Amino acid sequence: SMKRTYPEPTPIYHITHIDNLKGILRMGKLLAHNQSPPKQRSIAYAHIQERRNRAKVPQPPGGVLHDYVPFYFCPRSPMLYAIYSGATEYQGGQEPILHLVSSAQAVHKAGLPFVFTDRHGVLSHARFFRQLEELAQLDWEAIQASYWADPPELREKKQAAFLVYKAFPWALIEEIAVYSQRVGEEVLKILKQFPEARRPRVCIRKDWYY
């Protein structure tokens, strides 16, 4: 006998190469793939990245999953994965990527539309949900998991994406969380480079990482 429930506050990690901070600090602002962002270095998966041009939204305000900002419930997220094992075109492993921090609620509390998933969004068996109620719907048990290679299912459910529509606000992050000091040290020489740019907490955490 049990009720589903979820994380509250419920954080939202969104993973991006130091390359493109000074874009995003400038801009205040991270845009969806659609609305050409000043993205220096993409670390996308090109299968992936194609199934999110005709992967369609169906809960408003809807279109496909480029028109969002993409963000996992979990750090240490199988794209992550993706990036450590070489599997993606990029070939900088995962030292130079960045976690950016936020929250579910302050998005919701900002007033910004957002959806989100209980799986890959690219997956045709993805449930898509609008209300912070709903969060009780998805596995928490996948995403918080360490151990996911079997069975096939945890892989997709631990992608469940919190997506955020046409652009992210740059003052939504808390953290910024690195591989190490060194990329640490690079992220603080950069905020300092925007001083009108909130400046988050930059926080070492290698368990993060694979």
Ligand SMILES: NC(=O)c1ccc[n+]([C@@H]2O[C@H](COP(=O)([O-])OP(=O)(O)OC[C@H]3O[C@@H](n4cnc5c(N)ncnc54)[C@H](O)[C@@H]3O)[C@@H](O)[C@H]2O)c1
The other form holds:
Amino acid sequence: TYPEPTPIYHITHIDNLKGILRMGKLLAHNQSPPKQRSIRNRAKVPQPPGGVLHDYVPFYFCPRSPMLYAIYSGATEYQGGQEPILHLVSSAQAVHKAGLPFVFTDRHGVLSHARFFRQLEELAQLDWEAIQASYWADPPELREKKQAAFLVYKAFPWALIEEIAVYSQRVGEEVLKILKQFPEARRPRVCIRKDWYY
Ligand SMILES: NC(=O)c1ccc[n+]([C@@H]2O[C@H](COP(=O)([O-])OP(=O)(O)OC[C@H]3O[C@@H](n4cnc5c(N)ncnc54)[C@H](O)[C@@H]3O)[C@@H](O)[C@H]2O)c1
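Alright, leaving the form solved without the ligand aside, put up the form solved in complex with the ligand.
Let's see the whole complex now, leading with the same chain.
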């Protein structure tokens, strides 16, 4: 079995929010998103619609990801830390109800041994205890499975985002200031969630 609804999470720097609201969508790497801050070109997707991982907008099935810990620890090229990083929240069911092409994996999608699925019933193939683990570093099988991904082909409409989660009051205020510049954009919930950060 699997959680229903099935939340999906995309992390991005706050400096990218204006470009997302202006476009009305997240764009996949290969669709040239007007990103301001960076925080897969040969990793083939074997389910339709195919292409490579950079053809999809990527989500995890958990907040507080290993990627976020690399950002927190200054391991990434980006050196601004976790506090300006938003979690944009949707659900796998909303994507499927919208008829958007998607695939998802049972583990880190860059792994040659990742399995890919295209039907929400196959969410049962994922390791939900690994996805939800707070102590995820070891063993390797667990860490790989924590990074199961939900991939939406080409573009992801802003209207499907139900919540922007933030680290702090100050970041929440900055998000509300940006949303107010786009009065016709859907206004999701804005929530401070320290338990989603390190
Ligand atoms: N970001 C995540 O939550 C996430 C989820 C699962 C997997 N991953 C893995 O991490 C890698 C790096 O992730 P990434 O987030 O750099 O990946 P990405 O390939 O999605 O990079 C695109 C960047 O542009 C931003 N962006 C998209 N549309 C935009 C728009 N209209 N205006 C401005 N900015 C826009 C995205 O938020 C992101 O920061 C991925 O290639 C994947 O292997 C990331």
